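Starting from the known structure of chain R, arrange chains G, H and W with the ligands on it as the hints suggest.
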Amino acid sequence: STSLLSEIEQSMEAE
Amino acid sequence: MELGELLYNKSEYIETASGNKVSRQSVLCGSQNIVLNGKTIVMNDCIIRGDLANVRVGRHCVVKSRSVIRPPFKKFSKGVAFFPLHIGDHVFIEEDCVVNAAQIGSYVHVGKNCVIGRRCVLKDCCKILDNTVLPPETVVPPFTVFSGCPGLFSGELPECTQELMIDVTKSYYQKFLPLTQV
Amino acid sequence: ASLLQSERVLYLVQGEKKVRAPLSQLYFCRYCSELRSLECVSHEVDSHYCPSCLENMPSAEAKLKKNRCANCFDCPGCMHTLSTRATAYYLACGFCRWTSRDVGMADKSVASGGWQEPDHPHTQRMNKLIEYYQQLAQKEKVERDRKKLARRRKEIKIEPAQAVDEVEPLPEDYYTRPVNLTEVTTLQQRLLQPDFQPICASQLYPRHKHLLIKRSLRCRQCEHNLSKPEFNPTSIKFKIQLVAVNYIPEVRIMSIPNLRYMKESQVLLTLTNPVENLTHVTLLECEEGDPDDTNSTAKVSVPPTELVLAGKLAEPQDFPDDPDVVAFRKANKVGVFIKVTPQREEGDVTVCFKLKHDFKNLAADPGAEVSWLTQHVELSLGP
Amino acid sequence: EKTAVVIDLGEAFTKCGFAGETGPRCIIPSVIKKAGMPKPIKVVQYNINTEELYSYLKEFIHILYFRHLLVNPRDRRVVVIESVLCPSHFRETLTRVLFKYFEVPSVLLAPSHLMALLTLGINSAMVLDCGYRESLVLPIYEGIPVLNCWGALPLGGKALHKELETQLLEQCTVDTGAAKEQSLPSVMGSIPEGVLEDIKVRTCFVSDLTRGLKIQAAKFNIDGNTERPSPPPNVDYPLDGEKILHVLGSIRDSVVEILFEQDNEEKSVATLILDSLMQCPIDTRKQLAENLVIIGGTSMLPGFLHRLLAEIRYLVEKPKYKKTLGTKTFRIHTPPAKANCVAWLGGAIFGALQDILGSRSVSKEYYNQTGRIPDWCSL
Ligand SMILES: Nc1ncnc2c1ncn2[C@@H]1O[C@H](COP(=O)(O)OP(=O)(O)OP(=O)(O)O)[C@@H](O)[C@H]1O
Ligand SMILES: [Mg+2]
Ligand SMILES: [Zn+2]
Ligand SMILES: [Zn+2]
Ligand SMILES: [Zn+2]
Numbered sequence: 344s345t346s347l348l349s350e351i352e353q354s355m356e357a358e
Numbered sequence: 001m002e003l004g005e006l007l008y009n010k011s012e013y014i015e016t017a018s019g020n021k022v023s024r025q026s027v028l029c030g031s032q033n034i035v036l037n038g039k040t041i042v043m044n045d046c047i048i049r050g051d052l053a054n055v056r057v058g059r060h061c062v063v064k065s066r067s068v069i070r071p072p073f074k075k076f077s078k079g080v081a082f083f084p085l086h087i088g089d090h091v092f093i094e095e096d097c098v099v100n101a102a103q104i105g106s107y108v109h110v111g112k113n114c115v116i117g118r119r120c121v122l123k124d125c126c127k128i129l130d131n132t133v134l135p136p137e138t139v140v141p142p143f144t145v146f147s148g149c150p151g152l153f154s155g156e157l158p159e160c161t162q163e164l165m166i167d168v169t170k171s172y173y174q175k176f177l178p179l180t181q182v
Numbered sequence: 002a003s004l005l006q007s008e009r010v011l012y013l014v015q016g017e018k019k020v021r022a023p024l025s026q027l028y029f030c031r032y033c034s035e036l037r038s039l040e041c042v043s044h045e046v047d048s049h050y051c052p053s054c055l056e057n058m059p060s061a062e063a064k065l066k067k068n069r070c071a072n073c074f075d076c077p078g079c080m081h082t083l084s085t086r087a088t106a107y108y109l110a111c112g113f114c115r116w117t118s119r120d121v122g123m124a125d126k127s128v129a130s131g132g133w134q135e136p137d138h139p140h141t142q143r144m145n146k147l148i149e150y151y152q153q154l155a156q157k158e159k160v161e162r163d164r165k166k167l168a169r170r171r219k220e221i222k223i224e225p226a227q228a229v230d231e232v233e234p235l236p237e238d239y240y241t242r243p244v245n246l247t248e249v250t251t252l253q254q255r256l257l258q259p260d261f262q263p264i265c266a267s268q269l270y271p272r273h274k275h276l277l278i279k280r281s282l283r284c285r286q287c288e289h290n291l292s293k294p295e296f297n298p299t300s301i302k303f304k305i306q307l308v309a310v311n312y313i314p315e316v317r318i319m320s321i322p323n324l325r326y327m328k329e330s331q332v333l334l335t336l337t338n339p340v341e342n343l344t345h346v347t348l349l350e351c352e353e354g355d356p357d358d359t360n361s362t363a364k365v366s367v368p369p370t371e372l373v374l375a376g377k386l387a388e389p390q391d392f393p394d395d396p397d398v399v400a401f402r403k404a405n406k407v408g409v410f411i412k413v414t415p416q417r418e419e420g421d422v423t424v425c426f427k428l429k430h431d432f433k434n435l436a437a446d447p448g449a450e451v452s453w454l455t456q457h458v459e460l461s462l463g464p
Numbered sequence: 012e013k014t015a016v017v018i019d020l021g022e023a024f025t026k027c028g029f030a031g032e033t034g035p036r037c038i039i040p041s042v043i044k045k046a047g048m049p050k051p052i053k054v055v056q057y058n059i060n061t062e063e064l065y066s067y068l069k070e071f072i073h074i075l076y077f078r079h080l081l082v083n084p085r086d087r088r089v090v091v092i093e094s095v096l097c098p099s100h101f102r103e104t105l106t107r108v109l110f111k112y113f114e115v116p117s118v119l120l121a122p123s124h125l126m127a128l129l130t131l132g133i134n135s136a137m138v139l140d141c142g143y144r145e146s147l148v149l150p151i152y153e154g155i156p157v158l159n160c161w162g163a164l165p166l167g168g169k170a171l172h173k174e175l176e177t178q179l180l181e182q183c184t185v186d187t188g189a190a191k192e193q194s195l196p197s198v199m200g201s202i203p204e205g206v207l208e209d210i211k212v213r214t215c216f217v218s219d220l221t222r223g224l225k226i227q228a229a230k231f232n233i234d235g236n237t238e239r240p241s242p243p244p245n246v247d248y249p250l251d252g253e254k255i256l257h258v259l260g261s262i263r264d265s266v267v268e269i270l271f272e273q274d275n276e277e278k279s280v281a282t283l284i285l286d287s288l289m290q291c292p293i294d295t296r297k298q299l300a301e302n303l304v305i306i307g308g309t310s311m312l313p314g315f316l317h318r319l320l321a322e323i324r325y326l327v328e329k330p331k332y333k334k335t336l337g338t339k340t341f342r343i344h345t346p347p348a349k350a351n352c353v354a355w356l357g358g359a360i361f362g363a364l365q366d367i368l369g370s371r372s373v374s375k376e377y378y379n380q381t382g383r384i385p386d387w388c389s390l
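Protein chains in written order, with the UniProt record's numbering: chain R, 344 to 358; chain G, 1 to 182; chain H, 2 to 88, 106 to 171, 219 to 377, 386 to 437, 446 to 464; chain W, 12 to 390.
Since the hints were derived computationally from the structure, they do not count as laboratory data. We put the CB at the ideal spot given by N, CA and C, even for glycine.
The calculated DSSO-like cross-link candidates involving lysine-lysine, where the alpha carbons are at most 30 angstroms apart (straight line), are:
1. W:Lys173 <-> W:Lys44
2. H:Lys293 <-> H:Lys18
3. W:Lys331 <-> W:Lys297
4. W:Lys45 <-> H:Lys67
5. H:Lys279 <-> W:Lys375
6. W:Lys375 <-> H:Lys64
Calculated Cβ distances over 10 angstroms to all of chain W for the following chain H residues:
7. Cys79
8. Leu167
9. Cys284
10. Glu329
11. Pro393
Next up, chain R with everything else stripped away, as it sits in the complex:
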């Protein structure tokens, strides 16, 4: 599963 930390890191990468 994709942990919420990974999603936050990906969102930071997108910014």
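The following block gives chains G, H and W with the ligands in isolation, referenced to the frame of chain R:
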């Protein structure tokens, strides 16, 4: 009555790959351990305490502001540890809520200003009216309202809760669009 | 359920009793095209299950155990499931800290089965009385059939109860003693134990958890089940589903403009079947349906519109633009404007109008599809 | 044959259960919680339009049949315990609800007093029912209720609650707790019925005969000098959390004296039995005097029976009753069930009599054919 508009400023929210819209002001703890299945809304000042155990949350659920998701503590005979918390898909948690439930099923609606005792088990399609306290080890059966202080079974939900609730949560997500940056 | 105010939109249900209720609370019999209400339908008990431990109980066991769970106990101070705790076990409540030690029940070595209810003191005399009256009833019955036939053409004794010459007096302790309200019991918890209503809290022993039931609904006109829950109490699927929302197109209100003697409210007519047509031409006619609560008027200019649903175009979509009529059209969704005349009465703007649609009965069914149903809908604007 | 259910409707409480049982399975306030209204509505209301009563009874009986009794209504017979001289319209509305809607096989409209007699095993006694609305005395002699010698007074639980509310509002001393630790009389306009009922059942008690008479005399206090008995200590009843109503000691024993006060009319709870007895046939008196049965929730108050018997023996010596009922030995019965549900226990004993219960009860076929429920009024 359709779900009214509820706009948010895009600056203080994070939209994720899976579609979770988690507020910046939300107090995420142990975020490596938290799991959101997508399309989730975590509002401001939400204290999700994933630093104690696995707090997994299903799709399209709504966690309104000032709500704390803290996994419960169970004292078993062999020792002590913290039970992981599981929440099913399409759960509508109103603001100022306190959740210590071991398991919350799908299609559940917790009323505003509610406290759920330690290790409670909420089965699918159950409602908790506002200003209600569920003491620990309280099991809410499906299709029942648990209201009062303490929460006692005081009614049954209509037949089409599985359909009405999945409509309501989807409408809430679809109407939670960001503010116009004019 | 309550997140969207279902009470705002009230469908009327035809029958002996005229009842307005939200669409979610109505059931749509398919054999009788008229939808049926919760008051009109007949309820039956399908199964018994303990709410605390979700264990299904057969009806014979429910009668034998007096509709009570074998294991769970309800706290007497507050109706909450008592929890067994080990030091060698005792019941303790979660909300209030009422322990089994308060009333004085000795700790049971076994976990669950040790705890039991006291026996009623007057059960023996009850059995003696019921046996005596049973044999007397037998004699009366035999006399009755003897008399009937005439028209057409050992023993058990009970000692009478002895009247007490002097009833026990009020103890002098009642005078000159403060009343500790913790010791005495409120009438609700006192009457929770009707067999021996204990005035003192220390003599209020706990009771087993009352069972709940699952309800099967049966249409009264035709004895056909509208809804049948499944065996497993935790299961969510239903064996038979004929809820109204699954068949009738649901009407909701989207826009709520001000009621200053002028407005134009937008309302959506969502379809639930794969394909259908809707035409809300009717506006209650004149004195049709008895719109008692109506306190406004809606034009409801209604060109019929075809709707569909999918679990996931010019002539279907773009040619019927309907700019003044059809506001927005999404999947299984169509918005329509109606010009309310608010503030006719003092307040609480309520508008009544008739919505017409087509239902596929599938009795055999082109004739079934050709049949048109009409439902009286009362919307209540905020005012 | 399936066991017949038993229902005893009352203003204060409804007792429900199954026949051939040691006691009622359910006993609840006779109210229905309609959505939107905070304080629930009384189910059993007299002198109201029949549609509203029909809806109320429908909802309440549905609650009884699908929340407390876990069984279908169609399968099992019904034994409805209704007091004698119950209002007619309420009775036919109740039977119409039972038949037209629930389609029960048959309902037996048994009288409460005769059923209460059945529990003891005797076949003759003077049954006094101290109900919520009113106290009612009826003599039964060999299974024949003597309606001619009935008696009734409005000294049930309702009058007692009203007297308690009046006395509390007069001598009100409540500590609001928000800068009002001192006495703050009548901070609330009216006390709810539940609080009055709890105060009455928990604190108040019936004093001895001599103490009660001294209290009644000292109420006038005509040329009296501290003739009242010393009262019990005050009790601080909590209201609403913070509020603390200091229920005075005097109220706790003076509120219930309205039942036993004569007031220049010779009408009280005790005098009611004597008035009914003096009207009875000459031969029936002794067997009715030696067999007294007391039922009803008000009779369960502590010290009520002792005061009642003492007042009976005291009023017997008065000149009105001295000639007739002077040399009589009154004796109270002690039925197996608590006085709340003695009538229900009688109905439950009658319910298991399967053979007669079919003939005595009114079949739904008969009701559909006629629509007229039997009653002791002229047909
Ligand atoms: N255990 C109890 N101890 C003392 N008082 C009680 C008790 N239970 C009920 N009461 C009081 O008795 C009265 C109710 O009496 P009861 O239950 O016999 O009446 P009912 O059947 O509801 O009414 P009615 O016979 O007039 O239709 C109320 O004042 C209630 O407060
Ligand atoms: Mg009574
Ligand atoms: Zn159980
Ligand atoms: Zn408790
Ligand atoms: Zn039908």
